[PDB]
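Asks: As a plain string of letters, each chain reads:
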Amino acid sequence: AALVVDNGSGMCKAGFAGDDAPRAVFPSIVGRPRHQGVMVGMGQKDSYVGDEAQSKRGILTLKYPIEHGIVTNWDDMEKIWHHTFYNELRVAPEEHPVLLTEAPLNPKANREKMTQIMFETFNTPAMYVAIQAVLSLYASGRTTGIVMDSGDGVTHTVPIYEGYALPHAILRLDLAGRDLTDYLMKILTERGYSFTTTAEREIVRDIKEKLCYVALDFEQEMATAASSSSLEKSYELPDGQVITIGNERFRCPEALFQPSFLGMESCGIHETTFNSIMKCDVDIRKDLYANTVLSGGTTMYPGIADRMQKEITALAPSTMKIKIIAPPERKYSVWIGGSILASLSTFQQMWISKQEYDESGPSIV
Amino acid sequence: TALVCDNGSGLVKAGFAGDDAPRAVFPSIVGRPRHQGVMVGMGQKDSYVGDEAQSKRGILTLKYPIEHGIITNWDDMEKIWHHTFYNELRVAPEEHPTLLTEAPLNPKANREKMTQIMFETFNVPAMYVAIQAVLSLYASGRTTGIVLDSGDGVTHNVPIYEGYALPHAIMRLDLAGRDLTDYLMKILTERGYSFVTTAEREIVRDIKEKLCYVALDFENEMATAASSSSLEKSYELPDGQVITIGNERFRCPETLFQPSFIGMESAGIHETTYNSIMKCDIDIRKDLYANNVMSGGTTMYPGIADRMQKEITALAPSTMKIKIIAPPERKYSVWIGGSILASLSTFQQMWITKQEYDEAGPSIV
Amino acid sequence: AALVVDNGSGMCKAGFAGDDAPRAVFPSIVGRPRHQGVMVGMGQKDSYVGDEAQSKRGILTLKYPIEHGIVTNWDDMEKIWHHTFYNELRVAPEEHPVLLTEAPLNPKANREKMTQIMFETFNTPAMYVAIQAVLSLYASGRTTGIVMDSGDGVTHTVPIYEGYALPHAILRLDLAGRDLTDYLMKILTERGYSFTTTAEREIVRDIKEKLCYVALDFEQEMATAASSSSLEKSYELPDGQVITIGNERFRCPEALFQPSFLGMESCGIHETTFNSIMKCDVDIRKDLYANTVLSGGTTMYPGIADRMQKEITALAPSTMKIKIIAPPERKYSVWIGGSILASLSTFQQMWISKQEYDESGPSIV
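Protein chains in written order, with the deposited numbering: chain L, 1 to 365; chain K, 1 to 365; chain M, 1 to 365.
Just chain L, same shape as in the assembly:
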């Protein structure tokens, strides 16, 4: 059984080619142990990593090795893979060929560097680096389409032709997760419910999931919220105030459609989609608009789809079926899609083996 390792920006997933949910999930953090000052004796292992490093925190330097999908730093990122094998799944990479995740808009030299380290340091038998969205469409049982990822800090719209992305049109936009959560922190500052970062920022995120949703129409939902009481939801504490949030709940998703709310320059998330599509192939265009699919943590807002289908209908030619495919498990779509892919025997007729590295080196993928 081979590996699927979904190093989402702050959170690595791992396991085997053929499972239904990721078999090792962890924060991609490397902890560098420290107290400065010429400490006479530090401890064991120069870097911690993962859920260890999370507990260990105050004695480590914690940082995500990854930024936006990109390996920022190869050293502490290598410690992430070193953890995956000989700590997380307790595996040996020399036996286990690894599918490796790569972001939308992620070429060239880390692929080139990745194949070096994994074939020399970790002596993988074979490997394949693979676009996160390109597998996300595979989890939804598809091949042509346009996938929209929004995780923690990134939207992503990838024009897929037949299991191939058309890279120029792949949009990345600076709107997701945090930009909605710190903004939701700024939504609970008119009333406002204190969290700031002392450090109940997490509880703000915790509201975001459990109590927020999408207004299908902003205006009628505004007046309806002003009609009070049913939209207001109590966010009680097992302690202090039975805090009430009302307008918030639809207010914070709305910054996806109107970048007015956050000051940021953007076309709507609907037009991000449009600005992958129209930048590409025309004979696939309602096969794109009818295989428009979602991926990631900030997609899961309850009501985005009804809102999206409408908001693209405001733009696209009348004569195209807007059909918003959001899967049930859209948090893990990449790993699932990768599991299916590395369950193809034809993934053998597809990845790069050891052989082709010892001949071609870096540029082989």
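Take the hints with a grain of salt, since some may be wrong.
Straight-line distance between alpha carbons at most 16 Å, and here's what the computed EDC-like set of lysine to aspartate or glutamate pairs gives [claimed, not checked]: (1) K:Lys-63 / L:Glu-265; (2) M:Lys-113 / L:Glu-190; (3) L:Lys-63 / L:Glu-52; (4) K:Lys-56 / L:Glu-265; (5) M:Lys-279 / L:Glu-67; (6) M:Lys-108 / L:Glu-200.
These aren't lab readings, by the way, just hints derived from the structure by calculation.
Assemble chains K and M onto chain L, guided by the hints.
Replies: Just chains K and M now, kept in the frame of chain L:
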């Protein structure tokens, strides 16, 4: 007295006639605020064009009127030109005759709508629209030959016989300085970078201008990449983070021969010259083969002259004289070609005035 | 003239715009009358407040209205401003607009609640609230930069871009005035000095200011102390024998950079600053590094400036000109920066006017 104003899909170049280099260079972007955004220090403002819209892009909804040489929107086009006159050139249109440029395939109606707007709103005494690349052959000082007009947003081949361009040979390729700017953006993201904040989404354009080359012998240069010598060339970013870009540097203009790098099944520049000179008449082929001139924003990259030299000598066999001519000016030749023509002592009898215009109507131009 | 009221957690500072140095400077305390028993009554002045309360003490429940730059109670605090007006500066705020200064990431509702009290209870014509640190960068003669404040209770490292604080990078670390001194007590006691709980905590504090500093390198300062008695400084008590403290004087301030001595899970005053800056915009960073400022009282240990320039240079890339500005007056800097802003009429056309509370209400902050 006269004015010349050249409308790129990214940059507008205006000035007077007979000046060597443009007096107004401004970005074709028209931005509307997403709020009644009181700039504390000015009153309320309607539309920002170019540089103000470009410094304040954050608060706006940016849009380009000239998409791929063509004008898609005349509202924004008009306010651009009022801006060209009264603000940029600082002129009163009714005393200063104006010249403009157009796409090699520009529609009759488009030509007429720019002639409607120039007289009927602005009231200029005499206006001309000319045809982009053909004017670069006038900056190259000749009547006949084939011009590769490759810009910010459009690549073109134009063969002109004695004044008349022959459009069947006039090829076009909607992949240029823009598709390439963003193609630099992506190949650095996994080189190990995150062009995250806004000046980085622009410094990637700058690094394109500063470091790019169209390497001659691209293949063994791929082995030079693999042998990593001092082709590695660092650059300081808008902050101090020395980014070292070496290989992708040439491995990006390379896309002008092989659109497969970005995902087009279309042919490269060189072939598209050969096919042009081919669809053209056979005795004329010789002139075209001997007067092949590059112009525009993509052509600035070094070695592109050498490249088309050896490319078409490999494609077209061997009784022929080939000559590719690349001017030191080339990023403005479309304007320089207008300016000097406008001021020509034999050109006054092509200055189509209001007298001709009112009696004949738009169809005079 | 308008007002500036630096409610530093245990010590308020008040006065006007235009004045050099704080015009009312006082123990932020409001004492309720007490005694228990149950008896006849009490009668006059339901809260004696400011230094009146500080002399009173053992007759009033005095309390501290702020902790960690977070307001712990509003009733007592309201009476800090009321004392400020009709006792300290002897003023009535309906004539006199106020400027107020809070913590870097002073909790949302505390900002607003503050303003309510000032706008309906103390009816100010106007008020500008802002973060204590931003003002301190203006005192430091800067607009962009990062401030590393350490008062009595907590640090704060505030990446200010152009006179604006960025909350997502601003960190706050529980290492300050108390934590230094409580260690320093535990470390005098090795020689049996034992001031413990007489009254002499303020004397362990007097030692702190008057005799401590920060080792430049630690291990070579250790051997240098171990060559004896120029590093030691003798100390006469208010009543008591001359003591001698040597190894102490650097050992305790080192412990801002070193949590292991205190026995704590924390980053060092150098590194928290690094991790604050990285969370800021890649570009602005160059002159966050090149303008680290120090402010607050518990920075004041001699040697810290040469120490911290080196200490950030252990952590930051070589391509950015590290330059730690620490002002000689780093207690008053927040009222000074306060007075700078309060002497600037652009902020008159910008501060929260009563009418904007009549429009927006509590939300206006």
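Asks: What hints, given by number in increasing order, does this structure fail?
Replies: Going through the list in order, the structure violates no hint and respects every one.
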